[PDB]
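Colleague: In case you want the letters, here they are:
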Amino acid sequence: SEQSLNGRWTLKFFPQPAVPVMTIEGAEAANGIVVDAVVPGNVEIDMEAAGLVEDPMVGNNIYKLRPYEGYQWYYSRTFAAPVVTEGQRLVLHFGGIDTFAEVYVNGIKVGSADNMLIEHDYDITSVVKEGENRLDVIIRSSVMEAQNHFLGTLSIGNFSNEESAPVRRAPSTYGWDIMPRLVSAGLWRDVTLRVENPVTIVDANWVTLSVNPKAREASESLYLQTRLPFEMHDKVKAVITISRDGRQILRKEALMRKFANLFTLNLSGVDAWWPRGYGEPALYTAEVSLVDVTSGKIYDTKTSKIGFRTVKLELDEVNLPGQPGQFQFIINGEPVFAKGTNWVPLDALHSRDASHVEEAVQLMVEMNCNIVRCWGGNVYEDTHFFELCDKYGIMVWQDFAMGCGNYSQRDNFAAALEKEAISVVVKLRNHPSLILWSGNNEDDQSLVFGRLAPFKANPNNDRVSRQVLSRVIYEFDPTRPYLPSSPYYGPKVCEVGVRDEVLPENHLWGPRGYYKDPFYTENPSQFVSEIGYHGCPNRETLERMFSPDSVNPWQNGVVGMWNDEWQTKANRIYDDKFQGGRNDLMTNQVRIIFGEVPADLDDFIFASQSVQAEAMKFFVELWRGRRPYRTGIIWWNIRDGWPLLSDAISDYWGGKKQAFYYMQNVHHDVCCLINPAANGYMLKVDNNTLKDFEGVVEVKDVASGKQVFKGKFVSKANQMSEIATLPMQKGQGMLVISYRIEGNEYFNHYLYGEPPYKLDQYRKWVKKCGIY
Amino acid sequence: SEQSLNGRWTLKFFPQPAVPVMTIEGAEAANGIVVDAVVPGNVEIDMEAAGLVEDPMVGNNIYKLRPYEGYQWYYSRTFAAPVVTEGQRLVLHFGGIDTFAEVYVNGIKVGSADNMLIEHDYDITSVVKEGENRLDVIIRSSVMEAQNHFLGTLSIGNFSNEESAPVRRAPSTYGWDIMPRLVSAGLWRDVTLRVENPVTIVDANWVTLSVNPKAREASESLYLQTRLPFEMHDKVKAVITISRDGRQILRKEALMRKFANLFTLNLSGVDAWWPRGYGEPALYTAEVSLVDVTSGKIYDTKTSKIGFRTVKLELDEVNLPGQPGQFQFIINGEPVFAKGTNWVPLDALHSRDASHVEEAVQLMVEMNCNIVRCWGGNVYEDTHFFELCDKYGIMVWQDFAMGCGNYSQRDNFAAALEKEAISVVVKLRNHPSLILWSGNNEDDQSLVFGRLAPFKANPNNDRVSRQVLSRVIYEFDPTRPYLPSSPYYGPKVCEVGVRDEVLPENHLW
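Sequence lines, in order, name chains B and A. Letter by letter, the first sequence follows residues 24 to 795 of the authors' numbering. Letter by letter, the second sequence follows residues 24 to 532 of the authors' numbering.
If you're looking for bench data, these hints aren't it; they were derived computationally from the structure. Please note that the accuracy of each hint is not assured.
Unchecked claim - The calculated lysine to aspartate or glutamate pairs, modelled on EDC-like cross-linking and capped at a C-alpha distance of 20 Å, are:
1) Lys260(A) x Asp598(B)
2) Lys479(B) x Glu276(A)
3) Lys442(A) x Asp434(B)
4) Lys450(B) x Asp598(B)
5) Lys600(B) x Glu276(A)
6) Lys328(A) x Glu389(A)
7) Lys281(A) x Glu92(B)
8) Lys781(B) x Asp724(B)
9) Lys258(A) x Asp434(B)
Stated by the list, open to error - Only some residues are given here: those of chain B computed to face chain A with a beta carbon under 10 Å:
10) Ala169
11) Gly175
12) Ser178
13) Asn391
C-beta atoms are modelled at their ideal positions from N, C-alpha and C, and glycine is treated no differently.
Generate the whole structure from the sequences, applying the supplied hints.
Modeller: Laid out in structure tokens, this is it:
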């Protein structure tokens, strides 16, 4: 049925001439180097395996891949065609081509590719031959393709590279603060051969109309579209089976009289799908088969795991004085508080993304996040990531691949984007974890705040984010809410002016200074979808990613002066030399908190990690603590996609920073947290479950050992409760909160006082706490 | 670098058959009269110089040009191709073709023209040959081209001629109260040959973000787009120089790492640009060059005179009793009173417009006008007109070349109009005198007041004025206000009814 073309290919690369090569004769006549290639894979990996490129993850070797951005790649292989009977179709499927390519089978052009993100399918039934057949893909330079378009004023000067605007690729591949500039090329996803019967299932869409969690009942609809010859009309029946493990719940057989039908299923004894903490992620195996009525032949079969859930978004785009707006997620008729992480690319070389999926999903399970926001600068994740999210009950907020920039309003861009959006929506609409579609990341912020700020442009007139994607979602997925842009500058916002006070949801970056500044504590946004603080990686990562002489951050021993490699790893997209920049954020924060920047490397690492951990823990507690007004916090990020110095709490090679352990003790389902008050500190308990729990909480000072508070608490379901108010303690110190719920003991801590602190005293307090 | 094809051409004209001639063999086989022609020029001027047409400016001689509106015009010339090295491009540029034509170089078609108001550029690098080369342009009748379209009820009965609606020409050429009916045809603007290096500047947009007149400071942005071979990446630097007279004010050098960049310039000792009476029209010479880092070769250079000014329009759509509206121009943060004249075509034979520009602009200097409104029935003026307005501090209010009628809502017209609008906006966006873009002239007035008045049509549903044109300005020129129609019948006006009392701005005839 399916034959995989993955394995060993032949790769020939040559510099791209003035007129790009688009034929097999031109590719064969060009002068280039021939090396063995592995599919799926990137050309950089294949070049490294041939001893032509040094490891780009060490030092300044990333800048030595610049000359290869103007090369042309020619992949070739010989395959044996499967035996195809009369009426069957042979389909060549490429999971991903990067980016512009012309596919040729037996010397005949079967199609062309111009989108990196979506899948490509070609019908090669007529062109195949008996015996060996030859497949050849000629890839052009993506950087030089951007010069074929005229760019408007909106598309120049944004954070996203100008080369990214006219083409459809991942914006982060061109360079970002969090990711290196690795344009790359190649067949980064699987290539397979498929044989389809004349009767086949083009699409099956499972839609949950209603779910009654208490009665264990749900109503499901199946929209099935098939390819059906007329001679097979009324002679084919559709068998629909829903089962849990091996036990069967519902079986329905219906004769197929039309190519497209809608089947209504009323189920009983079915449990609803819940995110983490609010319930169990119940998944049921839904299978639809096309079976002949006379004989028993099965023409086609499609199987997937589905969950019964309803998602609604309460949106009021303006917080006016006295008129609070709203941004809250309603799952199964119950409001939920979202605590989770932004998901940035798992690797600069995207062909290695599939191997890192399980480890990163396990990281999010360990942190106990109930939501992930797929960043707009990343490619669309494959099916395995969404299957894991379904299994572990983590809701997914998906961004279309546009971010930090404005795009063309002309027809050619819209046609390409509509095709890509239709493909993605049909691909990813059956996963219960996916709850929201978002138009872009920070595109409205770029226009309102940026180089065109004084001209007061209106983001609501954007065609791309408000006419194309909205229409696609309206036609192909009406069951999910759609958000035009991540910082939503709606029509009502523009009437009263754009500012942080009128945004129910906003990204809080701004001045990355004392975490306890009024910019963060007094921000009125009910939902924050991007917030983070810089932190220095562990010593092992530093030694692995930096030359032996460059391990020490200081240049010539001068504190505060970064050497060339350290400056590169902050992320300089282009090889130019300057002092300061993004790296200065780490030293400024350390100086504000601990007074002085330590000269020793280990002490500097400890100080930076402690500052990041304290800032991140303080931010999550402030939002969870101030509920019911606050409705969610999606922080930045849980893992880095390249060895770099960044805001991630875990690095590329799995090393966990101190922020990971601190933030783990503030993501618990029932958490006792201390928040600042006008006089003293106030102890509170937050519940993100649907149940009631009771327990004993004790608070004592780490240094003196005096017990500040001790009592019993009762936590109501899905609410933040007030326990007691603690008297203000004198000077600087740590209070250790220890709570036992249902025979399990959990611990947390609070740092009281005012900066600057003493690093030795802070280390002593942390060691005496013993929780880290 | 540039070679001019202007001069003496050969013109053959013949009546257009039932099937219009579109090939060189058909044009040469037709029976016609051969006369010498001068480019730039109109066919009527060339015919007059041959003693075939009486002077149309005297008496009723204008009506004797009617039979020539159904003729076909074939212009021909032989040119010597410049020497072109490897990687260089040879570009054929026509400043204006009137109107529908098929251009053929050495017997090979290189393109087609269907817009009189915009420039046409063709790449003829491959088709040229050593020695003499032949250029031939075959022009078809503009009047008979209007019969290939089906007209809606909106496009019939308006003051503008029905033949003007489907095609893209100057509406006044078909007849107006102020202008004679003289359709004419020909190459009315310059024809030139350009040689471009592989590294060249496609566009340089100077934008003034802020200006502080008192501190003599301003912030300027340069959006540069270039053609850059990959082998030349990081080996080309952009040299930006801003100077007044010979004195240099700012010089910035930046390495070119991508084809499109945005450069931010913070200037001091720079004076703001003011209209007449409110100050001095200070102009500074802004030049950008692409220079190789290793050697000193200069691949390309663009030079222009720019002024530092900010323009805002305070607009309130409706004048209500007790709630007055607003229609005011704010220049450099100050409200200004605009007194000036509408600019109507300088000549019916548009190839003579360039000679009248200097004399006509001096009229507005003597009158001391501080604003000119370019009428919608006229062609778009050339660069020289706007340079004079910059020098003398006269603000320009430009109308898109549609007026006194309603146009098609279908896709074919929208695509043609969008192509024209982009070309015009990119051409004229760097002139400090240009302060406002207007959608049309009296198009809302024609629909509301006219043959379809009793049916109470809503002008706010017009596709051309409020969707196609506003989107082009939104993308290619966000620094200038846009007015959907010259008499603006906004959504608020239609709610309370369309009357002279509720219009903050109106035409009073």
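Colleague: Each hint needs a verdict: does it hold in this structure or not?
Modeller: Cross-check of the supplied hints:
A threshold of 20 Å between alpha carbons decides the hint, and for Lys260(A) with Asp598(B) the separation of about 15 Å falls inside it, so the pair holds. For the proposed pair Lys479(B) and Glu276(A), the alpha carbon gap of about 30 Å is over 20 Å, so the pair is violated. Distance check on the hinted pair: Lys442(A) and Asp434(B) sit about 12 Å apart at the alpha-carbon level, within 20 Å; holds. Between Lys450(B) and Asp598(B), the direct Cα distance comes to roughly 39 Å. Violation of the 20 Å bound is thereby established for this hinted pair.
Our distance criterion of 20 Å between C-alpha atoms is met by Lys600(B) and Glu276(A), whose separation comes to about 15 Å. The hinted pair formed by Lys328(A) and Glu389(A) fails the criterion: a straight-line CA distance of about 24 Å is larger than 20 Å. Pair hint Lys281(A) plus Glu92(B) holds up; C-alpha atoms about 12 Å apart against a cutoff of 20 Å. Distance check on the hinted pair: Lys781(B) and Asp724(B) sit about 17 Å apart at the alpha-carbon level, within 20 Å; holds.
Of the supplied pair hints, the one linking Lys258(A) and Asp434(B) is violated, its CA atoms being roughly 35 Å apart against a limit of 20 Å. Among the interface hints, the one on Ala169(B) holds; its C-beta lies about 7 Å from the nearest C-beta in chain A, closer than the 10 Å criterion. For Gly175(B), the suggested interface contact is upheld, since its CB lies about 4 Å from the closest CB of chain A, less than 10 Å. Because the smallest distance between the Cβ of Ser178(B) and any Cβ of chain A comes to about 8 Å, under 10 Å, the interface hint for this residue holds.
Hint status for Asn391(B) relative to chain A: violated, with the closest Cβ pair at about 43 Å, above 10 Å.
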